[PDB]
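As structure tokens, one chain now follows by itself in the form deposited in one PDB entry.
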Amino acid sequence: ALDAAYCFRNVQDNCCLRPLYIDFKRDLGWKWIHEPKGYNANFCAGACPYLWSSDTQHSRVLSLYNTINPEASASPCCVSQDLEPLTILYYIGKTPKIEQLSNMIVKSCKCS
């Protein structure tokens, strides 16, 4: 899979998971989140050659098309596949609010 095991050890040009730890206040200016302080959001990025982790028939055909006609800018894109939720605690004045946000962390990628 296009995951941490395959992708983190050594960076390649093709679509792969890329590490990204986001600090809420440092990176986004969001001071309202009390816990956690940050999380591993990660991101997907990289080229999508013919049949490289193709999502649909459309991805397959377009990866071929892009190889023959790169100028058209029609390549499939490296995007999230598997994601995980993240629970946060924030305060509304003096009210603790717990919220489980879905699809916050990317664990794998694909060419779509």
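Positions refer to the first chain, counted from 1. Think of the rigid core as the biggest set of C-alphas that the two forms share within 1.5 Å after superposition. What changes on going to the form deposited in another entry:
- A movement of the C-alpha atom of residue 92 reaching 2 angstroms or beyond is seen between these two forms when the two forms are aligned on their rigid core.
- Residue displacement note: residue 10 has its CA displaced by at least 2 Å between these two forms (rigid core superposed).
Starting from the form deposited in one PDB entry above, please write out the structure of the form deposited in another entry.
Only a single chain is listed, so you will not see partners or other molecules.
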């Protein structure tokens, strides 16, 4: 599993969960939001070598094709597998509003 447990505790140049903090006002220009001020979104990055955390038959086949013919640029990509929501607080005038935004945090990765 390409999760925090493995990825953050070990050095990896192939597809792995990478840490990333997003500050709303700084990084996105979202001035409408009260709380939190940012979050640990994380991202998926790294090489997709032959059979490394392959999602579907197509990714298995391409990891192989791209081992043989790298020139074609047809490699599978390092992407999100498991995601988590992020609870936000924002105001409509004096009115506080609690919203759940789904699939905001990436928890695990895969090669697709």
